[PDB]
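Colleague: Take a look at the letters that make up each chain.
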Amino acid sequence: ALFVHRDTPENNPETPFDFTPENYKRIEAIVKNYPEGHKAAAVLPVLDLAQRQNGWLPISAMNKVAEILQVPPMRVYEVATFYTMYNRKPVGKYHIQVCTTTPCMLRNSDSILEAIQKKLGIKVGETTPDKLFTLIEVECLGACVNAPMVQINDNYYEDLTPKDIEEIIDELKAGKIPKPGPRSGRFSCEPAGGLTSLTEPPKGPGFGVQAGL
Amino acid sequence: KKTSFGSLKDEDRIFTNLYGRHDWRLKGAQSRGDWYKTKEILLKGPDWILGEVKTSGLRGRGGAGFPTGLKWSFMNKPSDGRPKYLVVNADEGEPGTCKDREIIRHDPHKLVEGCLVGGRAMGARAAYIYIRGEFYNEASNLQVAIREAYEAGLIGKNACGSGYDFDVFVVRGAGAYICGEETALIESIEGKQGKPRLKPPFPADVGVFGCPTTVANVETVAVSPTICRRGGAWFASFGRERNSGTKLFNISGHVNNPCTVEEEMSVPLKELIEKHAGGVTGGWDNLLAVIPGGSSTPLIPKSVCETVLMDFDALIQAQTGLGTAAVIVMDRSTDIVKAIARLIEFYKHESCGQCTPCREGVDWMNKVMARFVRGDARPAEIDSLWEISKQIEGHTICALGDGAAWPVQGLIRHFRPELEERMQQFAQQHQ
Amino acid sequence: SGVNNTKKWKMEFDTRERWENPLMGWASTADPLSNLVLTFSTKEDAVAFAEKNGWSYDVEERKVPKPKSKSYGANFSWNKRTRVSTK
Ligand SMILES: Cc1cc2nc3c(=O)[nH]c(=O)nc-3n(C[C@H](O)[C@H](O)[C@H](O)COP(=O)(O)O)c2cc1C
Ligand code: SF4
Ligand code: FES
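Line by line, the protein sequences are chains E, F and Q. In terms of the deposited numbering, the first sequence is residues 5 to 217. In terms of the deposited numbering, the second sequence is residues 8 to 438. In terms of the deposited numbering, the third sequence is residues 47 to 133.
Bear in mind the hints are in silico, worked out from the structure with no lab data behind them. There could be a bad hint or two in this list.
Here are the simulated SDA-like pairs of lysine to any residue, each with C-alpha atoms no more than 20 Å apart in a straight line [claimed, not checked]:
#1 F:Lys277 <-> E:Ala196
#2 F:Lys51 <-> F:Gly238
#3 F:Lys51 <-> E:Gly212
#4 F:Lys46 <-> E:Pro209
#5 Q:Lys133 <-> E:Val8
#6 F:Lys355 <-> E:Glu141
#7 F:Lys206 <-> Q:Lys133
#8 Q:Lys126 <-> E:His42
Pulled out of the complex, with its shape left as it was, chain E reads as follows:
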């Protein structure tokens, strides 16, 4: 949790990184989304791309993005250390992120944190010896009505209970892909035990349209 860089044998400007040819084509499309003369707007998406290819951001990757976009390296470092989704240390294969802000706290997200810690034998902020799971607390993930919820890599797992989360870790260790979403009865954000709205057939085109178009 430090915001200074000290070169180490596995993280220095000579650490091998470079985009694959497939990613170099994705980068071209990213840059075309912005006006000519404002290529620096691509810093966030291109940095994220480097992390998706590599899993984390060595300083060499930051320099590579700076070189590609012709942006001073410090301006890339500033972005990398501001946004919390960028990993400047290697993380596990599965980055478990437990929301602990108040709405999730009110639904016993602490029990979810306990279940993950007891099952994995690690503490918040640590990685397992096998380097499969890294566990952190995060702020509201925009799924508060489905609390308690966690994010693992790109997926949300919601309305959790200590049992449900323990199963998901079993599925990940075994190599399977657990389907995202609520683990209770419901499918998304509707009230449990039956809809209280949107029960009628949706109205079709042209319904209630004002005269004169």
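Take the given structure of chain E and dock chains F and Q with the ligands to it, following the hints.
Modeller: Using the frame of chain E, we list chains F and Q with the ligands on its own:
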């Protein structure tokens, strides 16, 4: 006039695929009435569209609640040579708020159509949809929905066949609540730290890439096509005067059935919780406090919750605000000081650090509130914390500073005896 | 940044030899005027005082900071170099 509000009907609900029970891709969206007579709306001109939005009484759904037709009309002016843009705020970062998430993934074509309709009103050439980076799957749904519209001629060159060129770009965030702030969002698009800008200049003059920009919430833009189709008067027939239309509500916390639901504005808070959320856990009598509009709004105790309505003007009178309309319910088992202390901890982790009162003050408030949770303080410190919050409020660059102060003030305003009691317990234990 | 010490005119005299005291190394002087500094409201007041006391003098014209054109908006220019890369 109408005197009671609520009991909205499905016939009059804008977001009809709120629960993902129907197809979210273009075929489903069209059958539900999206993209219908979009060409007619575009050929009626910006002044007609802004008038429809002006007459609808729509107010910003992002939190500030600023009237939308007036705000969008700031772009209604001759071009000086720069391009014009509509930035759509899909950051959805306010704790308790998840309404924009359902719109993006289940009704993406309403947002995409809203981008074009609102973009036409402002004369914008494209819309950038800034969606928080943690919504990867929702962002992929939106790009799929955007691809279908491009392939149907509904956007891009000669959009809908109106002779109007409009692009819809999706750009993802990288983890920062402060990038929901309008100007901090713009700096993020430009590839900088998400730090807000001072105003003036206002974004309608100098915005993204230094160009005229309007930042609109996802919900504000997603309802815009329907208001144009069904008319502003239809939308204005809902909710109290100046508090018009249908609102998305998130009821979370200590309810039986936490959910997102669309309900008429000015619905009573009590009715909303009982009707849709199944009521407070342990009975309505087990209610302690409610945060009515997301974490930034001050809480209210059970007594106020009894009769308060859910709209901008009603909640201002209760010394709070509608905010994002995210209702966080706390029953009597809650450690209220701990619950509010966790929100101040959230603002501490989300402050961009740019400006002094929030960079230093919020962290100071967090350190004090942590001691209040344990009672390791003195009663005189309560008035000191109130004064500190007033030194943050109204002195910072952006409204995150105000949003950190208000929860603290709400706790002190309604639960001061609880704070003093905890200090009494701590003092007598170490006595 | 404070400018409160640039309000008044000063008259000082030419610096003369200081040497090290053999016993202690302190700074010795034989110039009785080494610490004499007078304050005047205007340049004319200072010159008049110097003339009547018989001192030759040099007058240096007051330096006033140039008036600058500041604009927060320029930091985000669409097409100018004043666009800042960081805040
Ligand atoms: C700290 C902070 C976070 C914000 N987050 C969001 C957000 O996630 N979504 C949003 O629409 N508005 C957010 N806002 C409000 C925006 O600054 C802005 O008022 C709003 O996006 C304008 O859109 P509207 O007029 O349609 O409501 C936030 C404001 C602050 C101060
Ligand atoms: S109030 Fe906080 S988040 Fe807003 S600009 Fe100041 S330091 Fe940044
Ligand atoms: S409080 Fe956890 S998702 Fe919002």
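Colleague: Could you tell me which of the hints above the structure violates, numbers in ascending order?
Modeller: none
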